[PDB]
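Student: Got chain B; can you put chains G, G', C and E on it based on the hints?
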Amino acid sequence: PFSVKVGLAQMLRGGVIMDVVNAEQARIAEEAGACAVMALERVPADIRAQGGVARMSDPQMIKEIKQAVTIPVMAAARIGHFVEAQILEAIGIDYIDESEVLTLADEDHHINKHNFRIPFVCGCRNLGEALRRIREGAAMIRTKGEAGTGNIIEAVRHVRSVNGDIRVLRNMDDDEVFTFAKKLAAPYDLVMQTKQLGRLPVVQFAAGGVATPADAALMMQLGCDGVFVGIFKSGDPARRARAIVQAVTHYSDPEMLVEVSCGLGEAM
Amino acid sequence: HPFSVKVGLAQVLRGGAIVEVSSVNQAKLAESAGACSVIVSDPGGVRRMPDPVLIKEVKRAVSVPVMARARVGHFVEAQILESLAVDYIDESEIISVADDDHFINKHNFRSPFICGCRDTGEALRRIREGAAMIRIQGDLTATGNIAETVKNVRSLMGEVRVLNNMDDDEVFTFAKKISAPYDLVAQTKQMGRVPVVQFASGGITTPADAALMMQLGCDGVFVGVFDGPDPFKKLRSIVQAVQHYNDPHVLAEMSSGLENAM
Amino acid sequence: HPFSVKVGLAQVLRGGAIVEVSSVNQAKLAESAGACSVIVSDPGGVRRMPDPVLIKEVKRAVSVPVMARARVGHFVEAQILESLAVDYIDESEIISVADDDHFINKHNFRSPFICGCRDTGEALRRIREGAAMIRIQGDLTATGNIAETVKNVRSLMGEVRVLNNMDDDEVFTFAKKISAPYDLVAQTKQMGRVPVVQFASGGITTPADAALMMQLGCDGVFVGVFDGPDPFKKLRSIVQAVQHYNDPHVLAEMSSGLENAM
Amino acid sequence: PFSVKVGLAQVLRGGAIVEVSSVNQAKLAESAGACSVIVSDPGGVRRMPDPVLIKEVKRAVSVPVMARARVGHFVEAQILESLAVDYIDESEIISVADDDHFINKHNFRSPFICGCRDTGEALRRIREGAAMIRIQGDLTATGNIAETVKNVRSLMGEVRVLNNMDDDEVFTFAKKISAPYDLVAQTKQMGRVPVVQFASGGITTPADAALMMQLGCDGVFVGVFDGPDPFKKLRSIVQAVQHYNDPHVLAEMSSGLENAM
Amino acid sequence: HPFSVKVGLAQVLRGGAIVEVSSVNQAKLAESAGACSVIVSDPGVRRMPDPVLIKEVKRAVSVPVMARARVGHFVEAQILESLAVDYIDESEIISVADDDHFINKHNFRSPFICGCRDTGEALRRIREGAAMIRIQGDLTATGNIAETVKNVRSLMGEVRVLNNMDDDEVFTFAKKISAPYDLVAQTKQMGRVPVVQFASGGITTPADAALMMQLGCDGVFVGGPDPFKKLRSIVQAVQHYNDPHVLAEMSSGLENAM
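Chains as they are written, first to last, in the entry's author numbering: chain B, 22 to 251, 254 to 291; chain G, 29 to 71, 76 to 256, 259 to 296; chain G', 29 to 71, 76 to 256, 259 to 296; chain C, 30 to 71, 76 to 256, 259 to 296; chain E, 29 to 71, 77 to 256, 262 to 296. A prime marks a further copy of an entry chain.
There is no bait here: all hints are sound.
Per label pair, the in silico range of CB-to-CB distance:
hint, chain 1, residue 1, chain 2, residue 2, range
1, B, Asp276, G', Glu89, 21 to 27 Å
2, B, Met213, E, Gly77, 51 to 57 Å
3, E, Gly77, C, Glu89, 42 to 48 Å
4, G', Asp199, E, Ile210, 23 to 29 Å
5, G', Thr205, B, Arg220, 39 to 45 Å
6, C, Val52, E, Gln247, 29 to 35 Å
Rather than coming from a laboratory, the hints here were simulated on the basis of the structure.
Heads up, the beta-carbon is just placed ideally off N, CA and C, and yes, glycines get one too.
This is chain B alone, in the form it adopts within the complex:
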């Protein structure tokens, strides 16, 4: 059943997930080629700027969305808040994001995502942190990045961190992986498994600081399966959104990138 949740997330490759806080928006996201939406109650820029405790979103607003778009719907559940998760599985969302963008609810432990028949997406900033979330049940990893700044510098750090040590791992002396696992503080099986496969045995995405087409495409060029975006804090949400989507599906095509970035308006 893990194999299957993993599988369920394969459908997302080459995808651009978008954060939303209402139907109008979610409608805008699909209406622009957003492979999935991730409903909330505040976008991360506003979370940083407006403070307060950020928690799961109210069912209502999660339902009013899931009933306005055909594409998968995700929702955030405070790290460690297994009961917020529950309430989400019940309500019938496609994916749950145990999101460090929301107010950490347990400093010592993450939700046990296995005890769920619904697939989880966890944040990460490096290989270990990713191999640990996967062991807890996460089916689909993403990068922590930097949430609510419009600066993409941290996603880059992270993406590179992980791909980096992965490549280090791929060609490591077989007798040296043990030690590598200790220093990574990660489960030896999952390591050897990432070694064999040369990548993260689950769908990997970029998140945090993606603000222009060039950003999204850099992630893809760096080696990501897709990107997250939090788009509505810009000037014309549609154009930009369609552009970012177009960007991920033509990431290796400069000529098109130039086209899709043309007069998109003021970013964040």
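Tutor: Same frame as chain B, but now just chains G, G', C and E:
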């Protein structure tokens, strides 16, 4: 002992929420929504035991047990509350400490006391002084954040598990380390539980928060609901939540169109 | 190599000023005053490569070569600029870094890149990645102060002099210390120069500033003139200044009744 | 085949293992109830023992013969596997030849034992490929069991903590002790180290030996010869491990042994 | 290149053991046991060996003869080249004559070996003109192979990191190990350090010598009991570093090590 009788009184709260009120209006609402008790409170500035005319008014406006807080170590304040004949006293680190070296000698009262804690020794030490009930202090302030609360419930429950399965020979050294009375440690081991009702408190703000504490293994929660948009609605939900914690479809409905939390 | 061809393209800028513009109006002014190029810029907040519609508009409004900046390590941004067919890309630490561990692999582009530097190893490291031109970073910000710029030009030129006259046996250890590729070090020694066009930038604000950089031995300057009172006038003067740097009587006239600098 | 080596090592439960440096010593040890012997010819650099010596011992006794390799010195272990030892001890008592990596024990047919100071360490030697764990104490010939008791208690105690821990909290527990998560769940469900667990270091008397056993170990190592009459001392310790919960047995066993070390 | 040529000269030593001698007698012993070459020495301040010595040893044997110069002692090297040794070891085992600069080995015709503790150090020696790299272990006669192993590992390890590394990230990699980027890029392609790579430092037993070989080395250096026997054993060990059966018979009764 008269201690068991008190421990016994606090058991009839198991499976309930305890709401914090500062008027009569607020108490008449909490009881309506199904609170199994209301704790009377004043509300920077120095915070003390609330006025007796107010503790008197609530006690009257509701049929549920009435609790009131006393400053830590303020045994005279506690004598007054007892005199007023309220059902429980909470020696509450939420208001202004009055003795930073000593808590009330709770064995000198007829009233069952509650004390807050952040870990197991704190709880066993409060108990040994005569607390007949414990609550994991958590994040004081009106922070609406359960983290510290979860941290503190986790520390406790977990510390008790370690204790439960411990080699008897090591329990001495364990008692020394958490700074708790050995025999109350040995007790807690025998029963694999803290010998008193154990509630969660601090930062509970959503049906979900409340049900999480219960699933962590608590006997109920405190909520401090009137800094919300629909206090009756939200309060009902939290009661329902605590009452049906293992029921996600129920938890889902309670959380629906709830209005703004804090 | 295709590298010499690029190095070659940047040589036709020798003896010029490169002005920073953010509109079409500003570009049509810089070219009028005799700028041998204009670099297109956005302008706290995060600073990125400017909009292509704007890089397109300038490219059209002027007959002088067009430069644009890309964030450090933002190779996709650079791919876009190349695609737009601008003449030069400046991997610019002036806007928001995008990769703090790696710069663009500039050998993967047809475009000649510029990179900033504060010392010799920084410049040789940028070159080895494929910079075809160097500029002494200086005081970023719009500080109007050349000090850091002079500091950085001085460090460079001087470091090269030390290198020039060095015992060949010691150049290895020298290469290690400034953290630069030995063979590009050995090159720089052979030619007693940095194998690429070397401009000054940062804090240039007066004809005099501009002529000082030139006298220090640079190949030209960047100026970032529109936060002044008469940008055309001042800009003319700086061009004249750079063009006639060793002529004090000329420098004097250019500086006359100039209006307020920044 | 790992379960095969794990299974093999089990035939040591109940035993005392004696460090010998000659045939004359390996014999005394067998002829006193040693359930196995561990060969070495012993500051300076201490290495694998001489293959000749090992053959003499192996021939001079029927009990399983064990030998020492330096940590991370696989080849020394290839050699030992070649001469056909029944067990190889990748032992820190001997000059470490790799400070960053241990022998990849799953590349060998022979069963490996390793040392540990805590649960995490044992679980790491095991994932590497040890089929048996010994809890060390003093690496120096000190005759003091203190550190040994520390490490046996530490080991047992974490296993007990883990034995009853909320499933949701094992992950973080596996992080904090830097152990492979699944060997930690295996260890939880079993309530014990998935391999044979011997005490080692400082054991000098019947009481010492019998204390480790009462503490939960499956047997003990001893290094006896540091004494007045090693034959009597050795039988004593064996008997001690054999009858560990019987105080009258232990009193008799300890009576007039001569001086220890 | 004249460097390529030098790199070729050391490649004859591939697969051998290099015994460290300080007499004619030792050099003979060493030669019979099958030492691919011998490195001359004397044993305070340790210097280039005495040219009478290096001449008696050259005549006494038929295998390549090496000798040690002090780090940065370019003259000492000029001398060795003149009396026609086959290889020069600019060796940190004898006293350092220049703390900041190494011999500019390119200015020589005789091929140089240099020590190293990691990849940055090795490449740096190579740029200066080392044609061969030897790991460094314990500089003393500690008969302990530990540091040696650490340094073969670090080297083998970062090369493997290097081979697979994103090309854009190699510049920064070059900087962090203070290495000439263009040798780092060569090394990456070759998935190897472009010269012979001998372990040295604390090889005391056949097992040790063989371990070094199984870790990827091209050969080893080696510094009472029964020298000829032990020497034969270590040579045998490097020649059959995969035959645990031969490693076994080889090591049997080699008498006491150091």
